[PDB]
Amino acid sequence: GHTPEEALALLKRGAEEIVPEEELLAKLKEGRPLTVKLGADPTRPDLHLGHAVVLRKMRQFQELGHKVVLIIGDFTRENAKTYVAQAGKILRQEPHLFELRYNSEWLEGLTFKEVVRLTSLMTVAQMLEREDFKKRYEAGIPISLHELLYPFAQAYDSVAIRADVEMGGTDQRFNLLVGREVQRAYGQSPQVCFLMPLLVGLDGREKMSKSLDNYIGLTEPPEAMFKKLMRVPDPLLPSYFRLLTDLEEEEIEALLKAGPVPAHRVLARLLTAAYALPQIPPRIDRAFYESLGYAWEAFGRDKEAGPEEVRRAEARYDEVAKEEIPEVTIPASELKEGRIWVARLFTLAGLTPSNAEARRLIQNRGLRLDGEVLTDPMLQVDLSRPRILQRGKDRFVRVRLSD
């Protein structure tokens, strides 16, 4: 239900660079399923939101009728299964739209004479042009010669599967272009290079990555993902919405205009819900948001709505939602049907030596709960949210559930 022009317009959204764009248009006009290539290194099995940027663009190609070929760069079986298992949360898996390949399948048989021919397609000066190599070579940092061979292995993969398009982050620009040169050498139409921007991590400056521990895994439990999303740096909200969701620009502005907290809740709800599912919907947009049960015009104030898995994750967040004031976590086993005796609470926090003493202080108006003078010695409190306990004029302790 899309013309070639319409398909291109959709694919361009969020794209960093498509080279050459006019070639993609021509291929989309052919009326056949294009082969979209993505290679992944087995040493990084677990996926995080950063990987979702490129993968969701591939899901879009699939929904448009195109075929994805996921190449595991084993050149293992365990990580492959982990990566493949998680990739399915975003990519469709039917044979007509998805194929799994291991490059050892054809690379292991590549001969020395073939390698000589491949490397002859580039000059030393060209290779040292690649950004990473250039910084290293000028900094006196060693570059093992075998490293210059890898772009040719990745390029040969494009020849092996006759790739029409190859996906990648902006850091993969050089390798994808080598793919075009190698395909030409083998008499194939050179692949369209499709680059997506890199998602910045939770620290707010560096690329999201396992090695930097600034990520959010696709398979982390809902409560943990929701919590992390609620804590993304405000400056990153704009890029997270553009790269992780399909919300329109005006919808994103409206959310921001509503404020930081509302924007975080909508982002946390959208993504926690999407990734809690076996597979994400083809569009993480306003319609999806309302299909969950939330109201767009409520701008995050309707926390009781939504599916139970997301609702509970948000409730867990509100229980611990956060410096001189001492913090103490209360064991869940201390609660009786969601509530706990205020006397016991003051004793556990160390403000009173026993419940009897707590009752005495209450009778003397010496204790406060959330800044309110306690008067009911038998009062029972819930920990749906952190509570500040106070004894006298200068003793404060903030208590909350599970740490």
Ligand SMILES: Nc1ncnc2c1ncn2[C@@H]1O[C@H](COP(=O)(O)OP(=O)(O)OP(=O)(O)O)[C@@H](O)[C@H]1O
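By rigid core we mean the largest C-alpha set that fits within 1.5 Å across both forms. Shifts are known only where both forms have a C-alpha. Numbering follows the first chain given and starts at 1. First, how it differs from the form deposited with the named molecule bound.
Rigid-core fit between these two forms: of 63, 30, 334, 41, the one residue whose Cα shifts 2 angstroms or more is 334. After superposition on the rigid core, displacement of the C-alpha of residue 15 between these two forms stays below 2 Å. Residue displacement note: residue 54 has its CA displaced by under 2 Å between these two forms (rigid core superposed).
For residues common to both forms, superposing the rigid core between these two forms reveals consecutive runs of 3 or more with all Cα shifts of 2 angstroms or more at 76-78, 323-403.
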Contents of the next structure:
2 protein chains.
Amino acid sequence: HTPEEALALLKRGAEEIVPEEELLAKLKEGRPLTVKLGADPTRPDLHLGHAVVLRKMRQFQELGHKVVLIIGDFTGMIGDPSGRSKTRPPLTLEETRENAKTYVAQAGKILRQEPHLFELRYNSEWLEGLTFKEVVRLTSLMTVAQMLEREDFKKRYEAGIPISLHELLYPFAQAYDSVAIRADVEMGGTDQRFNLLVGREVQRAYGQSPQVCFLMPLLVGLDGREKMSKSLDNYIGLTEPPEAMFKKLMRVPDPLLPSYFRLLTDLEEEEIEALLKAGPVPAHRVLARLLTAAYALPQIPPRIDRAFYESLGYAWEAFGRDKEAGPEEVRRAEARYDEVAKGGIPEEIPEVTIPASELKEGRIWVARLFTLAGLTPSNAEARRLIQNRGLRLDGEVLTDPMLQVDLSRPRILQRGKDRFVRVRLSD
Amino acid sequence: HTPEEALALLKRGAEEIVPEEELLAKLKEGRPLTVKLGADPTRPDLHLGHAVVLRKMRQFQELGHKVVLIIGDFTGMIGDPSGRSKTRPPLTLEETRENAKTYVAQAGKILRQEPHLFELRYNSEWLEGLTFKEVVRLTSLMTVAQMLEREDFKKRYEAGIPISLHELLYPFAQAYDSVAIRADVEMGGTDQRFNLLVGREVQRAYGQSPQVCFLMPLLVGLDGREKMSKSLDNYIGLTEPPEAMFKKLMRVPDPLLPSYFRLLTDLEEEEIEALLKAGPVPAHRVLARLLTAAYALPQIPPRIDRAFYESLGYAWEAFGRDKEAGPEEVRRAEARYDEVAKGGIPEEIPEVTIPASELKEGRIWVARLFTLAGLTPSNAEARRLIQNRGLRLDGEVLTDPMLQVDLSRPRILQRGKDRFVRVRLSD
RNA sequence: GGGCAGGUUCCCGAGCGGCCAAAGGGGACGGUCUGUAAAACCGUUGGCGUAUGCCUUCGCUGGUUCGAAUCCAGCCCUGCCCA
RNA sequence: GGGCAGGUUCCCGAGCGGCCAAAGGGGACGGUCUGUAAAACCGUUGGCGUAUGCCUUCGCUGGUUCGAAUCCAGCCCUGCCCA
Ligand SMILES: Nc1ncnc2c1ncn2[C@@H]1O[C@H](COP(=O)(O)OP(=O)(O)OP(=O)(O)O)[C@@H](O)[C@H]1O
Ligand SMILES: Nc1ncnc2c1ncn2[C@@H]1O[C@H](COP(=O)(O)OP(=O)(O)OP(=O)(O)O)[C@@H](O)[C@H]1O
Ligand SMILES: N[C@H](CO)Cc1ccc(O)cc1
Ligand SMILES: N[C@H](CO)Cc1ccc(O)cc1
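I would like to compare: after the form deposited without the named molecule, may I see the structure of the form deposited with the named molecule bound?
Next comes the full complex, this chain leading.
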């Protein structure tokens, strides 16, 4: 694909690219551009949200450009204020580096690892030794009125909500990473406009070609309103078992399916529109199958498309009705979903042995058992859950909080619609 | 003097000491307290303004405490925003270190140098290696709303006047210097409240006894309104020749004499009040004599008082009329003042030889001569000055801008009331 | 990144095509009155041996016209409103 | 540094001396209806082998009273107004 042609593929599904005429230009230079993308391991594991920007990076690699993944072990220590309406809490450099592990491992599910298209870097490499005098020069490149001109900060300032002064350095620390690696393009979610812009500003200061800001739409999380985030618990991990990933995707609030196909799949608007035709449930089945299938593999395919869907063994014309077809892992997944919907037990449930000592008088109080089992944070809670008709013992809905369970033979504990644990005597 | 007693001597003439009960306490610890006082050599030479805080430091040394003079060669690079209503301009670390020279030399005119009472330090020693991570911790000790709560910043922000973000680090850089040397007390002009307070804040963060902020009144400069400053050209240098120092003090606007005696001398309110009795001119004579006398010496006396005034040979009862009395240097000084008032020539005038080549046709144009002499920035100016009846040749008020001066024998050039230069042929 | 308002001489600031080295105010400098003060008042506030001559100064770099501080073009910087 | 208003449970937030493990709203969790969705509705929202018993939780540390989340004292932190 020639320049003019690449700028298209890339431009598709993208929120905004500014300044676009510069990306079109850089493409014409016939040399691997440097595509930057950082992530602050404040919490482990990546998720479908990240997949939004990562699949895009992948696509840049696919057109021969090099991607540099910046693991913000340092920045993550400071905490990125973008969005947050409250100072993010502190994090030690040892912590962020612990999380980083997951990020490296996991990025691979979407990114290419071939050395000429992928470099890994932790900004703590070049940021710890940034000198006080050097900082002063960065922070002198912008004015107070400009910082406060940010959505996030404005609101907070006006609302009289504390803003730690250090929260103002973050933009610059991120900005530097750009200079650090002469980035041609910095990838990002829309909530990174500001940071990506300060990146251009700081690059000029260091006499470098101002990177091309590439913003991707933000994927909304399972709650329906807020964006997917590791801190909001509304995400679908990139490395959850197919069972889990499949069920969660079956829960993506209806009003979002359109967005999910656009940001997570490669289906033509037409194919999407016709899917919603079949209705909500059917679409979910499809969306779920694709992604559970895709992320099941060691690395997703260059394109999650109608063909890829069919290559699995499904009939696009079947619109999800063809449950039987499909991989012997996505199958069982969708299968577990349905059994549970019906109110049946999942085939494979986690067993958890219970030391005879934990017994008392030969039995064990249901309240405590559910806790010893990790289904309830505590007896009191269990009790409460039971009064609320929320736990089941061997399929039967418990009703006697004082119940004394007999662990002679295994038992199948249950909490809510889909949390199962088989337990037995081991001691 | 016991603690309770010291807290008094010190408290006299001082703007405010906060928190006072802490200084009273520290005094009782019977151990040399650490009195901090920094200065940013943005421009060379100290002046009577500085003398305000320096004489106070001296007094702390006089009661046995140790003074640590911090030469802000680093801070001076950043630029202290206090007061300034516009970002101070940049300064290289090599520059500030050039100026520093003057400051060390000159501080001595007021400060004691005995090692157990005086230490010299350039904060660039401990500030250059302050790490980015370390900075983040300093700037996290305060909120935006608090920075903007400053007189200086508020005004500017509201007034829509640019505030470089780096201007916000200065407080912290100064604050650190406190931690750096476990300062018990930081001295300062009232325009340093904020900085001195952030110093306590930052000390707590580093688990140190929050220093005692000691604010001294600001001495107003010769203009009459604005405070004396190296950047406003309204100062009287601590190391100007007695001639100069004497004449400038004879120009201290009347409405300020009270302040000048209080901040620069050690005369009881009573003595001051009775001086103003004699009237303006007489008081000036006295004020001038004292300080010109005092700063004439290699180091001022512990107290510029009525006794010291008399020890010079003056009659306090004479109220300045006794012009003859006095040192053979302060005498000639006051003498030059008067001759010039009368319109006479000063005895000792600076000569400046003029290379025959500079001649043209045997003469030299008055306009150019005044420039070759350093009395006028340029011919045009000279011409203009002359049209304005502002230059004199040999006592005669020039009137012919095209005049061709004859440098056969010396000539006495003059610009305004008191700028004289004798010039002659040398080549 | 996008919209609008700004960028001019020491500072702030007016600026129209040629009347622009460029209004006014401030500051500062000279001067008068004085006390080598203040106030008031009167001037000055790009440079060149002395000048229908040239250069420097209107954010930068180009261009239009005979002629650009004004106009056009790209870029830089600030405030506000955005994102 | 000084004045005033705040600091309470996952969040925001009411709080009076004992009625406080502490109102209400949000979120979240259970449940009903469903499509393992939404909306609506009904509950839950410190812990302890099962409890006129104790502990943890009202910014920190002390103290008053029989009894403190409420009161007093010093200190910490935030917003506004100051300096
Ligand atoms: N839900 C999302 N949808 C789309 N892109 C996302 C989403 N979350 C994060 N990203 C992108 O991934 C990049 C890395 O995110 P990172 O984890 O560093 O911070 P974050 O925004 O706090 O993440 P989280 O959303 O997990 O809080 C972001 O710069 C953004 O471009
Ligand atoms: N006119 C003055 N009157 C009284 N104290 C002064 C005066 N000028 C400066 N000081 C004091 O001297 C200290 C050192 O001043 P420094 O030269 O570092 O900064 P500055 O305030 O810019 O000085 P300047 O007044 O020369 O601009 C200040 O912290 C202040 O305490
Ligand atoms: N700050 C972004 C969100 O956490 C991630 C990041 C982006 C760019 C970097 O150079 C570093 C981190
Ligand atoms: N910032 C003050 C005025 O210039 C001077 C100063 C005061 C304290 C220091 O630690 C350093 C400099």
